[PDB]
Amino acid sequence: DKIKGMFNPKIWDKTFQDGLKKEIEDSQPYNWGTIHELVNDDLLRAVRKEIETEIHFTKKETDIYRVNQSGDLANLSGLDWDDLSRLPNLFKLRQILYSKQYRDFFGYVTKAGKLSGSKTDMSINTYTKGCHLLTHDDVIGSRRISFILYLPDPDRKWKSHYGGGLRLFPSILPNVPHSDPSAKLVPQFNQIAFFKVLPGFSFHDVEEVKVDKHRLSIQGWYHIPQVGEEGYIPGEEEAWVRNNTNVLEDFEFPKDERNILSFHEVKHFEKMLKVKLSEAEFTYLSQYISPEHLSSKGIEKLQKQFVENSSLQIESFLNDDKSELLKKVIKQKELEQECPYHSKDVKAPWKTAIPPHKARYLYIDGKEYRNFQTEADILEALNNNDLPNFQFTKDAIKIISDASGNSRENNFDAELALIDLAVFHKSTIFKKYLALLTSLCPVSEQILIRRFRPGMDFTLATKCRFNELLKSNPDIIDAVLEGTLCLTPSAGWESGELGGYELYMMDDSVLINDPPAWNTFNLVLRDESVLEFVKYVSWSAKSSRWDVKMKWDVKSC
C-alpha cells in the first residue's frame, strides 16, 4: 500500500485511533486534536526542501493578520495547485492527505463523517517575527475539518518563547468568544493540529512569532462531500452555507454610544457661529494646548486645512508643561509597573474591550467598574446602564491608591493625569475651540482613554455608528467627528513595523496611516463609508499605544 506507508504506521492501528478519538472528545475549549510525526519523515523533509527552493513568499498585512503568503492569483510565488511540476513531493503530500484511507481515519477520529477527496484546499505560509493571525473561527463555505501541518526546522526544537503557538478560545456564549485563550499548542516539525469546524465555537488564533525565526506551515480544509463522492447528500452543502449567514452587538464593549450635551453647551457653540473666543477662554485652553495652535494665524491655518481635507493631523498638540507631565507618568508606568495580561486581572479604572474577534484593548470610560467573565456579568450591565463620570472615577482611584499605599509599583499617576486630560476635552470651552477649528457644532460626545498592550491589543476595520434617534434632524451632519490624541512615548514603530498605527480608509483609498507617536492629535470627519482601525501591537513594541479617543455628533450651524 503506497499510501498507508507514507504515514506513521500508528495511525492505522485501531487502538491508537480509539485513543485519539477519546482525546478529542475530552479536549477543551472545544473538540480538537493533534498527531505527532504524522507523515513519513523523508517525505516531509523533501517537501520542506521543495518549498524553500521553489516557492517565494510575499508578506501580506491586513487588520486581521500579517503572514508571508504564497497564494497570489497569477502564481508568481511558484505555487500552482493545478501544476506542481516542480514540487512532486508536495503533490504526493496532498494526495495522501486527501486519500480515502486518510479521510476515513480523520473523519472517524474527529466525528465529522465523510469528507471530499477531490475538493483539495491547502495553503502554504511562513510566519516570521511579527507575523500573526487574529481571532477567527474558520466557518467559511463547505469547510468541515480545519487542519495545520507544521514544518519548522526539523532538526531543532521550536520553543514556547518563539511564539507562533496555535491558541484556542472558550466562549461566553455562542459566537461570543472569551477575550483570553484557554489552550495553546507549541507545534513541532511533522505535527498536525486539527478540529471539526464548529460554527459559533471554533475560535482560534495564531500567537505572534516573537523571535527572529521562520516557521513554515501547510494549512488546509476538508470539505463536505461533492457530487459523485462517498457521503454525498444533495442539498447538504447549500443547507450548511445559508444556515451560517442583530442581537450580537449587545455583547460588545465599549458601546459606540455618545451622550447628548447640555443646552448651555450647544447655545455657546451656536452663538459663536451665527468666530470669537474671549481672553479668559484662551487662558483656559492654554492650560493644556500648545500656543502654536491657539494663535490667530495658527488657528487660521488649522481652519483652512479642515475645509480642504475634512481632517487635521496636528503635531505637538499639548503644551510643554502637560506634555512633560504625561510623558513622565506614562513612561514611569511602562518601566516600573506590571500590566494586566488577562482580562480577569484588569482592575479599576480599566475595562477590557470585547469580544476578541472584533477588538481587544484596555480602556477608561468613566463608567462603574466592569469585568466580563460570564454571560451573567454582561446581562447585568445591559439591565443597568450607567453613564460616564470622570470625577467619581478619579475619586475612587484615590481611595484605592492611598490604601494600598502610593508606591512606585502601584500608583495611578498615569490614570489621574490622563483623566484630567479627558476632563479638559470634556469642557465646554474645549468644544468651543473644536467648533472654532471646524465650523461644526458638537451636539454629543464620547471620550475614552485607551491602552493597546504589546502582543494583545488591536481593533479591526469598522464604520462609525450614527444614532437613529438623531437621523431625522436635518441640521445634523451625516457624519461623526472623531479625535485621537496619541500619547505613545516609545520609538521604533515605523522602522520595526511594530503595528499600533491608526488607519483611516475609504471603502489609494487610505486617508491616514499614522504609526503611534508622542503628543499628536488627529481629527477626522467620517461619513458612513470611512473605515478605521488600529493595527495589532507587536510584542516587540517598547511600550503600549496610549491614546484618548473622542467622538462627536455635529451640526453645521
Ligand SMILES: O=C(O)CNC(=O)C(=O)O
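Residues that one form lacks are left out of the comparison. Here the rigid core means the biggest group of C-alpha atoms that line up within 1.5 Å when the two forms are laid on top of each other. Positions refer to the first chain, counted from 1. First, how it differs from the form solved in complex with N-oxalylglycine (OGA).
- For the residue set 227, 403, 307, 387, core-aligned C-alpha shifts between these two forms reach 2 angstroms or more at a single site, 227.
- Moving regions between these two forms, defined as 3+ consecutive residues each with a CA shift of at least 2 Å after core superposition, lie at 74-79, 227-231, 234-236, 494-496.
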Second form
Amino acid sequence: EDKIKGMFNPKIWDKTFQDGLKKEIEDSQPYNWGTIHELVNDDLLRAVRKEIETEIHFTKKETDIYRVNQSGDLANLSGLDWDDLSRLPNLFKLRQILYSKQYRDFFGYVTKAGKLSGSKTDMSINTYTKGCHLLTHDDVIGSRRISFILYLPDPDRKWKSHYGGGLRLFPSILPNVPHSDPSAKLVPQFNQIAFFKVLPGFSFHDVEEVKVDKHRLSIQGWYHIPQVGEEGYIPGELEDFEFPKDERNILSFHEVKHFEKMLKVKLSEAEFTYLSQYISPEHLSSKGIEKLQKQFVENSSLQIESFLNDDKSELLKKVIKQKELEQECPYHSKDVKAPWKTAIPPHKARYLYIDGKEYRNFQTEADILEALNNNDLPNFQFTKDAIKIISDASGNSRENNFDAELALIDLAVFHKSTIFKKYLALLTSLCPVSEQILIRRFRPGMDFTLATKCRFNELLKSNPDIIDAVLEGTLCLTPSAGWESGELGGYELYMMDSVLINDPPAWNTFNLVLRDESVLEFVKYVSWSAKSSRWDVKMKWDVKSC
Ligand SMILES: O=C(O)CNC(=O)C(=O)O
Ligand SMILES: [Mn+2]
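For comparison with the form deposited without N-oxalylglycine (OGA), please write out the form solved in complex with N-oxalylglycine (OGA).
Shown next: the complete complex, the earlier chain at its head.
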C-alpha cells in the first residue's frame, strides 16, 4: 500500500504531467484516447514477460473476426486461471497495481471516465504472430468503461512498422458508422500502454495483421463500472448505412412464368447454345444435369468445379492475372474509382465491388445521405457504357485498362439472363423471383466479411409459395496458389447457428446454397501475404417452389 506508486514511472504522480495528459486526451482524434510510454517499473514488466514466456501456453484460435494466439480459453486445460497465479507473482503484482486505488484515481482523472472498479479485474494475455490479426470493433461489451493494452514485445529490440501489428483507430463518418480506413496507427513498444474510453458507436479500432515472423505480446484489459456501492459508487449518479444492401429486385413477369411453365432437361437447342457461351459442356449434358439435380436434392448444395468453359476460363484468368500484375490496386476508399465501390462499414465488412448502380464514394455523411435520398438500381450495360468512355479518354494502357471489369460485367450479364435462370431452376427445381448480383474483389491485407444470416424480403414474408430461404451463389475466380490450408484466408465459410462448406479461393468454381433463416456465411479476411486478391461473383435469389 506504500510501494505501489513506486512500481510506476514516477512521472504519473506529477500534477503537471497529469493535467497535461488529461488535455492531450480531451483533444485527441478521432475519438478520446491516449498513450503513456514506460508506464511500469522496467524490472517488473521484464519479470512479467519472462513469466508469460515460461509459464503460459498460447493456443491459436481463428474466427471470422480474428486470428490470435490465446491463453484465455478456460475449459481448455491450458486456459489461464486468473484465480491461480501461484507461479506468476510478478503478473499478480502487476494486476494489483493497475487496479490499485492510487492508479485508478490517476487513470480515471486523465480520461474523464468517472469511477472505475478495482474489484472487477479484467485482463487477458495474447500474442499475435505472422498472419494474426483482429478486425474492426468498438469493445462495447457489458460494463467495460475503459480499454487498455499494455505491450510487451521483446524489450531489447524496437518493434518496427513493417512488422505489422499496429493499433489502428477509425474515425466517425457519423455515429455507428466508422470510416472504412484508419486515420491513426500506433506502433507499440515494450512498456507502452494504449487506452481509450469505450464509446458506443465511436471507439472503433483494430489490430493490423502481423506481417513478419515476430511475436507481438500484449496484455489487453479493461476498467469497468464499479460494483454497486464499490468505493461509494451509485448507479446513475443502422442497416441504412450498410453498402451493398442485402436487397434483391423482383424479376419480371416474363421471367418467372418461364420457370413455372418449365417445371410444371427441358431446354431448347437455342437455349443450350446460349448457355454454352459460358458454361462448360460437362454441366450442360444430360448426365451432367442429372448428376447436379441429384446432388442438390440431397444436400441443398452444389459445389461445381470447372464451371465455365475453357474459352471463358482462359479469357477471365488472363484479364484478372493482367490486372493483378500491372495495375495499382487502390488501398484506401478515396482511391476507388468507377465502376468499383468499397463495402462499408468496416465493423461489418470491407471489400471492393461492382453492383452496376451509379457510382458512390463515401467519405462524408452527405455522401451517404445523398445516396439514401436517391436509391437507384443496377444497370450493367450502362456500367459498361460508362467504362469504355473513360477507357477511351486515358487510352487503355497496360496500366489503366478496364479489361477485367468488362469481362466480369459480361459474366454478370450472362448470369442475369433469363436463360441462365432457367438453367438454374432446372438444376434446383426452384423458381427465382428476385436477384442481386455482385462482382467482388477481396484485397490482400484489407478485405473480409463477417458471419451473418441471409436477409428475407419483408414484403414476401406473407407469401406461401415463396420458400423461407435464400438461394445464394458464388462463382470463384481466383487464379493464385497457396490458399489451400486456410492460412491465407479468403475462404468461403458456410456454417450453422457443424460447418457446411469451407472452400479456400479457387479458379472457376461455382458453389450454390439454399440458406434457411439460420445459416451463417462469411469470406474470411485475406492475408497480406496472399499472392492475389480473391475475385468472385456473388448471386442471391428469392425462390418459390413448382
Ligand atoms: O492488442 C491491441 O492493440 C488491441 N486489442 C483489442 O482491441 C482487443 O483485444 O479487443
Ligand atoms: Mn479491442
